[PDB]
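With one protein chain held back, the other chains of the complex are shown just where they sit.
First chain written, first letter: the chains are A, B, C, D, E and F, and each begins at residue 1.
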């Protein structure tokens, strides 16, 4: 008897992000997994990944140049931050 | 008997993002998984990925130049942040 | 008898991020795992990862240059910080 | 009889981040694990990781140059810091 | 009979980060573990990790130069520091 | 009968970070462990780690130069320091 009870009763106006996971049981491999339930990615950069089997195997002169240089701006007042009866403001 | 009960009773006007996962049981491979349930990606950059088997296998001179340089701006007052009885404002 | 009870009763307007995991039981491999339940990544950079089997195996002169140099700005008043009856403001 | 009770009763408007894990039981391998429940990563940099089997195996002259030099700024008033009845402000 | 009771009753508006783990039982390997429950990483840098089996095995002259030199600034008034009935302010 | 009771009753608005772990029972290997429950890492640098089996095995002249020299500044008024009815301010 696996019984899970979450926020059974609520009297009011809450701000919530419920996440309930009940479980009863190739160069890259992933199996039987839960990812990105609430994963906020901002300005995420992946250049060379999982290129493959025998990549640049022989006489492969490579010139990798990664330049992350820009007037970039990110302004998030509330990230994964539920708020009740409040005042949120990005004043810019 | 697997019983899961979430937010059974609510008295009011809540702001919520419910996520309930009940489970009872090639160069890149993924199996039996839950991804991107609430994954917010902003300015995500992937250049060279899973190129393939035997990519640039022989005498492959490569000149990779990744330049992320721009007047880019991102303004999100509330990201995955449910809010009740509140004031949200991006004043710009 | 596995009984789990979370925030059973609430009288008011709380700000919450509930995470409940009840469980009753290739170069890179991951199995039976929970990732990114609430993982906020900001300005995350991954250059060369999981290149592959026999990458640059023979006579492979490589010139890797990673330059992270930019007028980049990130302003998050509340990250994974639920707030009730409060005042949040990014004044810039 | 495994009974877990968290924040059973609440009288008011709290700010909380509940995390409850009840459990009753390749070059890189991970199994049966919970990661990133609340992992905030900011300006995280990974250059060369899990390159592969036999990478740069023979006569591989490599010139790795990682330069992290930029006018980068990160301003987070509240990180994983739930707050009730308070005043949070990033004044810049 | 394994009974765990946390913050059973609350009368007011607290600021809390509850973490409850009840448990009743390849070059790099990790198994049966809980990581990143609340791990805040800021300006974390990993250069060469888990390169692989037989990396730079023979005649591999390598020139690794890691330069972390930038006008970088990080300002977090409250990190993993829940606060109730208070005033938090990053004035800059 | 393993009974654990934490902060059973609270009358007011405390600021707390509860951590309760009840447990009843490859070059690098870790098993059955709990890490990063509240691990705040700031400016953490790892250069060469877990390179692999037979790394630089023969005639491998290596020039490792790690230079951590930058106008870097980190200002955190409250780190893992919950505060109630107080005034926190990073004035800079």
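To be clear about the criterion, a residue touches a chain if its C-beta (ideal position, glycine included) is under 8 Å from a C-beta of that chain, and two chains touch if they have at least 3 such contacts.
Although one chain is not shown, part of chain E still touches it, namely residues 12, 14, 27, 29, 39, 68-69, 81, 84-85. Seen from chain F, the chain kept out of the figure touches residues 1-92.
Definition applied: only the chains that are shown with their structure count from here on.
Of the chain pairs A-D, E-F or B-C, the one whose interface repeats that of C-D, sharing more than half of its contact pairs by residue number, is E-F.
Centroid to centroid, with C-alpha atoms defining each point, chain A and chain B lie 5 Å apart.
Mean C-alpha position of chain A lies 19 Å from that of chain F.
Residue numbers of chain E whose C-beta contacts span two or more other chains: 1-92.
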